[PDB]
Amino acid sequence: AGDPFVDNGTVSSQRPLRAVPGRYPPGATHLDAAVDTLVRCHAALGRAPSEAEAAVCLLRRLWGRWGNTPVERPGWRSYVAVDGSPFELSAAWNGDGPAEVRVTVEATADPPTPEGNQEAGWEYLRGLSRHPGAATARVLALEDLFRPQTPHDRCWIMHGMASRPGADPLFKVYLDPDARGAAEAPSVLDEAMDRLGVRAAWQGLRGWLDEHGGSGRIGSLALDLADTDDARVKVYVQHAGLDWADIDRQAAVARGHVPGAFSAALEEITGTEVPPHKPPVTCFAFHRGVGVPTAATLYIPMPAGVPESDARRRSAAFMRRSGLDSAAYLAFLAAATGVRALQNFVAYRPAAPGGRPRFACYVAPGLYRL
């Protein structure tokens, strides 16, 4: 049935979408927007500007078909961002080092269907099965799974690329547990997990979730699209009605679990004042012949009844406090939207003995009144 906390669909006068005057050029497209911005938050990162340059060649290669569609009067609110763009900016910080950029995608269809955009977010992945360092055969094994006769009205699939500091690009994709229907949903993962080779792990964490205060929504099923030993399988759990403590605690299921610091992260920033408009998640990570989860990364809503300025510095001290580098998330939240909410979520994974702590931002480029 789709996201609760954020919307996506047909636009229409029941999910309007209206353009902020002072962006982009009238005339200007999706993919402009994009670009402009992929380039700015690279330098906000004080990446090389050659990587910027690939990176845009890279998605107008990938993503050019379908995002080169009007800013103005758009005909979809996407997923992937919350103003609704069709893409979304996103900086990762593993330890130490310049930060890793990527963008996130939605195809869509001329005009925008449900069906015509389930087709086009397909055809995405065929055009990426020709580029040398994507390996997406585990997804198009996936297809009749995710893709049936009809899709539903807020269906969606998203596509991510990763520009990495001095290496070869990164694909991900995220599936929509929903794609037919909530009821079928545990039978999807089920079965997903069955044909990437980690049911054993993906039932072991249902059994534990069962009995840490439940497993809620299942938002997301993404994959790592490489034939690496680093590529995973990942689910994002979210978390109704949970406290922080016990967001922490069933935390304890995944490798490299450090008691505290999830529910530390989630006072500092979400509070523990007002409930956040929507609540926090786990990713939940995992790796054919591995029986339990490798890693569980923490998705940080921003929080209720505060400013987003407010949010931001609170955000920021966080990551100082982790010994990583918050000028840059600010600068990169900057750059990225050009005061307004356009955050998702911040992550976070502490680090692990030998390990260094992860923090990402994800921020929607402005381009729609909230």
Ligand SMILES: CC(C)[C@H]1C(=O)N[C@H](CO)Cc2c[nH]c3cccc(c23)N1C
Second form
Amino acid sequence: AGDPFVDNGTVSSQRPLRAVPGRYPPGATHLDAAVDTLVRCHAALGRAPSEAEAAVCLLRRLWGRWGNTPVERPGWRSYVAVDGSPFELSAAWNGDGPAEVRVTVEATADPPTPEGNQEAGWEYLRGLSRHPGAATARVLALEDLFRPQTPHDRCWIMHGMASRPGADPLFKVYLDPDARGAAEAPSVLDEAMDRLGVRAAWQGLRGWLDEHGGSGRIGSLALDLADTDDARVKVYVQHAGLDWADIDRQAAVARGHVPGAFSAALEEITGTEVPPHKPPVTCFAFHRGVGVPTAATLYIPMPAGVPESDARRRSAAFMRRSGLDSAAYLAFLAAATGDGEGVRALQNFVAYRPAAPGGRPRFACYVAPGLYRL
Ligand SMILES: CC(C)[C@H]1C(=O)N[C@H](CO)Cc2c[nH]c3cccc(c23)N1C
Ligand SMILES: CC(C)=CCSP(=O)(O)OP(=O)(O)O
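Moving from the form deposited without the ligand, what structure would you give for the form solved in complex with the ligand?
Expanding to the full complex; the earlier chain stays at the top.
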């Protein structure tokens, strides 16, 4: 159970995790690092300082109980960031204008154990249920599926908080399809999609995938925790063993598909010379009452056999050619990592959704803070 391409779980001789020098002071907590990084990233994107301050207050309120753990000698290697930190920074560009800043976190127990962490992860949602801008009913209605009495050793649940320019924050949750083991994943997903009122579209997607190259591995079921028409159910499909043209064709089931956009993005960033260390992932979005996915967003891994500096160059160039603010992307990477030189592979994926008629191109980055050696 758990992601076969990256690692997470209890730290030990078999899963080592060592803090890098030159980042935060020796007694610093993950929350200290996250608050500072969040502020720096808002500045790098030219966002309002008052909005940064609000984002910090929100982070402390919702996650401070769990995130105030020492950076040095960690007991758990999280899934949320590629360096194993329990938080990850992200920026999202939806057409022109200031980017959204997002932080995604995991709540760990003291001391961190599968049972304790899973408890903390769902305790987080009880805290969130008290926040007026959050709608947690849809995820709490899934707790008996995703929170077994005995979690697996690599259990995870991730929580996102989005800081939006001139707007209220948005909250998101990412659930582990393997919560009850790999064998139970299909059943868990099926039941969850039933409960969320999107069976038709989900079963439709399942059928479609099986006739266009195979489903792959379901990486997460995620929910927008809002009671608006904009809220979606999201399923992440990890495309192990599929070529770029096939990933592109698989997206045709979703509204807004632009033939060739996904495969061009993959060629321009991941390349066609060496398989990437982990496969690309498509996020299919769903809405109750719609019989097909409403959108498909591609998560593009960095190229294998290519330096990180070149991976950043390719990503920035792709952004520009898409019309988006590549200067802001590079600045954000520097702020999030302290690695302006671009020598550390701290990106998770970059994400892309092409502009459909009447819409805007979208790009997003996801970057670990580089508190730990890779
Ligand atoms: C399950 C997806 C959301 C996920 C994924 O397939 N793999 C990541 C590790 O390679 C997990 C992950 C952690 N933080 C993320 C931020 C954006 C996308 C991610 C992730 N994946 C595409
Ligand atoms: C944080 C993880 C695990 C996947 C990220 S997808 P996302 O929530 O950034 O997607 P959107 O921001 O809704 O486009």
